[PDB]
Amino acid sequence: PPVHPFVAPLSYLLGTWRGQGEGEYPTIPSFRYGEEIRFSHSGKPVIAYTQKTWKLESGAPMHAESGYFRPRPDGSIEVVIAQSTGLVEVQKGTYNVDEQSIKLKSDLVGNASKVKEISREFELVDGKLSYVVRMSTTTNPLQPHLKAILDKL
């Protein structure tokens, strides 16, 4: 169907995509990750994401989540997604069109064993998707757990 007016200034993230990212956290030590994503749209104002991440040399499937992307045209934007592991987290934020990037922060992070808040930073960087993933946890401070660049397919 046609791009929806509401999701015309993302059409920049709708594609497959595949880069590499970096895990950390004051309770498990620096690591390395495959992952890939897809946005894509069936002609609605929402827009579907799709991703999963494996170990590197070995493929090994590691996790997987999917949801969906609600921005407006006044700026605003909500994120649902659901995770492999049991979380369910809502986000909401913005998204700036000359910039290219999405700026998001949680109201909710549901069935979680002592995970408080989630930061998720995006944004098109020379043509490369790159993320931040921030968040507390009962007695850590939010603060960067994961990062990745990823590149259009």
Contents of the next structure:
There are 2 protein chains.
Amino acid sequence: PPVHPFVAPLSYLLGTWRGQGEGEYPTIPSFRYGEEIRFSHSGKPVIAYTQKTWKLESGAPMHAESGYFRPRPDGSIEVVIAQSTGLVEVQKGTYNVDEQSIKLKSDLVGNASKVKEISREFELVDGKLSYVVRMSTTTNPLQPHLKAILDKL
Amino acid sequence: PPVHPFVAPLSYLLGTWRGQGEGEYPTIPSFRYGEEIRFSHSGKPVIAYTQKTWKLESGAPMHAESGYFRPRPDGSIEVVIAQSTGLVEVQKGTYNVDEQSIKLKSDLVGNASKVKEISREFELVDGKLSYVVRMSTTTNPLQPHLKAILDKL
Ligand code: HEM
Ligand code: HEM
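Structure of the form solved in complex with protoporphyrin IX containing FE (HEM) (previous: the form solved without protoporphyrin IX containing FE (HEM)):
Below, the chain from earlier opens the complete complex, with every other chain and molecule after it.
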């Protein structure tokens, strides 16, 4: 089906992306990971999102998550994600056409033992998809947990 | 990777399923839909779930959702789902090995305008996957919205 007019401003996302990231937090040792993301659609005002990650040295599967991006013509967007670890998140924010960026902060984090808020910020930089994920916990304020850069395949 | 021992009791789910369902609610006219579900895994104690639905007469895409099933050896299970419509849900309940059934009720429904609780009940019947989804709204008590039966492909 054709791309819905609400999805068209984010059409740069559509496809498969692969790259690598670094994870961190004051409470844990830093680590690296490989990541692959697919964004797809079915003609609705919604983009399907799927992630998988792995250990670089072994290819051993790590975290996965999936969900839906719902952009609107006023530049607002909501994103819902379920994670393999048993969390859900509702993200709300805005996208910027000139910057090809998306800025989100959680309205809800469900089924967490420790996490309170999550923010996710994406930007296309020289055609590569970059993001930073920040989180707050019961013992730590909102700060980075993940950063990755992915090439479009 | 091999099936994780926590996933093995639900190994009957793994694969792709296709069939059809009927949707209803006191507030809406009844409708029919086609559905396809995939259950997969990556060696973790987690089963990935993806759904798509369509109009039977046209093949036109309808609802999609995705998430993760997390069974444990005591017979408990939690399921997290994100829906294309912008909802998230945390489901908790139990599975029964002798019946090949799974019974879930929501601990949380996020980003809903109307829905309060959702329950989902699955059973394998003569090798086919059957489910009933019930929901409560601001104006209606917990009752069926969806029922479907799918054949394993
Ligand atoms: C928004 C998504 C994510 C959230 C909310 C999240 C949350 C957390 C939390 C709360 C911790 C424990 C910190 C503590 O104990 O103080 C943690 C640790 C960790 N995370 Fe994440 N995580 C996310 C994504 C990921 C991803 C994508 C990966 C791998 C690619 C990952 C790998 C790890 C690892 C290796 C640890 C240390 C071991 C552990 O406690 O499990 N996380 N994460
Ligand atoms: C647990 C999953 C679902 C939930 C919580 C849900 C929720 C709802 C709600 C709250 C309504 C409005 C009822 C009212 O206004 O009183 C509705 C209507 C409807 N639903 Fe569902 N739904 C789900 C799954 C599905 C699926 C899988 C389909 C299609 C295959 C579907 C198709 C429809 C249709 C055609 C209507 C009537 C038009 C509309 O209001 O959108 N729903 N649903």
